[PDB]
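Let's start with one chain on its own, the form solved without the named molecule, as structure tokens.
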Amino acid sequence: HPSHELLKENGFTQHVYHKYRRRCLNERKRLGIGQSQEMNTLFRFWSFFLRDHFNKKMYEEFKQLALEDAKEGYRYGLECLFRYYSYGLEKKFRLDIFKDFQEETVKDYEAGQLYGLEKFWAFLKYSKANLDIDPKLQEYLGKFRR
């Protein structure tokens, strides 16, 4: 499966990927949001690949599509994105993505979900790291733990 060849050490080619991505996005369109298991492989691919091989362009598309699916009630993409945030920022902290992590966690919370908040809390527990947390987010974390 291209999903896996591409994650092997130096096994990524921008040719295999383009074909694979094009194919997944087409099944999503053909079958409907949340209906393509192949699209789900791409969400998983992005979640893992971006941790070691950050590509701003891939990342932006990852987030945009995860959120579109989530708006219609299909969580897997967004669940994959929160795992990217939590596990990736642990290994290689970076400030912009951490800011995005906070913003998407707040949005997830205000939409009545807790998946994102638990991932954020878990990140802080395992984080080695001077963190400045959004006031709203500290507030939400406090309530969650009661």
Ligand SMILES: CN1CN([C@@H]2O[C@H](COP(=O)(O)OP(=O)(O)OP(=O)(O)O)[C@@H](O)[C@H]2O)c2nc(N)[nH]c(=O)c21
Second form
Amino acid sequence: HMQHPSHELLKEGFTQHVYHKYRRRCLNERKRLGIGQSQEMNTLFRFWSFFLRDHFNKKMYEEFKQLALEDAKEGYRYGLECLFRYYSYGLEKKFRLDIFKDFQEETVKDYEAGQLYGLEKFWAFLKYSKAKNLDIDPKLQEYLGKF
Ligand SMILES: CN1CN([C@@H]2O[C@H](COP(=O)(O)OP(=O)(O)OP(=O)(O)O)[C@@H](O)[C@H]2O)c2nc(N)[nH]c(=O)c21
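Now that you have shown the form solved without the named molecule, what about the form solved in complex with the named molecule?
Full complex below, order starting with the chain above.
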């Protein structure tokens, strides 16, 4: 009875009706309380991080990425941490060429912002994934070399 919506939606479990109401409440809280001030919004970031690993959808991924980056620019990094976990674990489970390009792009940005959370997640993807013949950004290769 006390199931959080994100827990219900992540069960083998997702319906549009439950997700619509949940997403709307989270976004409304982010708008009212402010970026980085809503713990409900944090549960939505976490939901996306896991849900997209098994049920990718382009528009949901794009919203996740956009809001995670907006939060991170203001200094609130949980969304982006969730996004890097999605990249590293999600692309290991099923490689996606377009999403991998985004993974490289956001890792480069994160490293150039003086963070290493993203770079470690990219390194981890390379250590765990069976993907071969990756076309890795030569600047990212330099960053990984020092890691
Ligand atoms: C199980 N893990 C762990 N991991 C990433 O790998 C990095 C190092 O964590 P770890 O591999 O769990 O350390 P590990 O040596 O296994 O733990 P321990 O030394 O206690 O035995 C973390 O950035 C973490 O997010 C992973 N990354 C991907 N893509 N897939 C995975 O299954 C895993």
